[PDB]
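Below you'll find only one chain, the form deposited without the partner chain, shown as structure tokens.
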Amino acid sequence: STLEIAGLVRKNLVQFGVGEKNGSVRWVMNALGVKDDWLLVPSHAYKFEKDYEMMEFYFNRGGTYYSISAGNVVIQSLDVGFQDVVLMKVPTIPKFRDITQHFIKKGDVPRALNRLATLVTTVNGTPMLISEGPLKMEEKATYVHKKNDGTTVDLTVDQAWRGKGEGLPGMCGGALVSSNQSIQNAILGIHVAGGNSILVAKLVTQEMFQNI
């Protein structure tokens, strides 16, 4: 069911924060553990701020904290070009339950179209189920990202789900879950943008995990 997939997502969601060494942590959004010490996280969380690699990355797992130098996480792309969401290996994180097999297969994408979905996310750790209207797939999705100084950048990704719904700051990094039980309520991807009553999630397929 949607709810049982949501439970698996919830257990693997951690809070992602960034701070200077010896500084205060800025909690930015969610990251989703997928397998071993690998997580999915929107790279827009960190990559557009100055000297990201000199920062400390923080992972809050239910009130237990795991920090690491940004230079010591291994970032892997989902595909060629910029997709925002990346795979990130964090050596200090406890091993995650492998949920990769709950992600949609590339070939099954059409089966999630025109059907409801649920964004399974948190706002700073408080779990939320956010209803999304019948889904469409945008071959190229463009959305705004607001940086720390209030200025904005326009990001474009390949293959992003679009659904009617209401998002709030911090929900990025949550997982979109299909209402379609015939594909076992597959995880469709990762929430990257919200606004104007539209929710955008980068498609993440099972096949993408082959990239390590």
Given for the second form:
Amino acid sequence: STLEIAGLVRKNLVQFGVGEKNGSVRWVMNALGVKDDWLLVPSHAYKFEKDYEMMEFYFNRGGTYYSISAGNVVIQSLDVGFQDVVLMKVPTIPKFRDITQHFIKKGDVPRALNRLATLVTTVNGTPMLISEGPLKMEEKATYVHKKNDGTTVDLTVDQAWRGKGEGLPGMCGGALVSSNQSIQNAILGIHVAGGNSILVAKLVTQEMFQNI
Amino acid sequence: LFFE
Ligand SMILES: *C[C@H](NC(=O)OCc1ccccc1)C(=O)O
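Next up, the form deposited with the partner chain bound, please; the one we just looked at was the form deposited without the partner chain.
Below is the entire complex, every chain and molecule, led by the chain shown above.
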């Protein structure tokens, strides 16, 4: 069911924060553990601020904190070109339950279209289920990212789900879950943007985990 | 649409 997939997502969601060495932590969004020490996380969380690799990355797992130099995480793209969401290996994180088999297969994408879905996410660790209207797939989606200084940049990815719904800051990194029980309520991808009552999630397929 |  949607609710049981949601529980599996919920257990693998951690809070992702960034800070300077010896500095305060800025808690930014969610990251989703997928298997072993690998997580999915929107790279817009860190990649557009100055000297990211000298920052410390922080992972909050139910009030137990793990930190690591940004230079010591291994970042792996999901596909060719910019897709925002990346895979990130964090050697210091406890092993996650493998949920990769709960992600949609590329060939089953048509089965999630025109049906409801649920965004399973948090705002700074408080779990929320957000209803999304019948899904569409945008071959190219564009959204505006506001950096820490206040200035904004425009970002564009391949293959993003679009659904009617109400999002809040900090919900990025949560998982979109199909209402379609005939594909076992597959995880469709990762929430990256919201606004004007529309929610956008990058498609993440099972096949993408073949990139380790 | 905004980063959220
Ligand atoms: C949610 C996970 N499910 C899973 O990996 O199932 C794979 C499967 C299940 C039944 C028949 C064939 C394959 C889990 O934690 O097990």
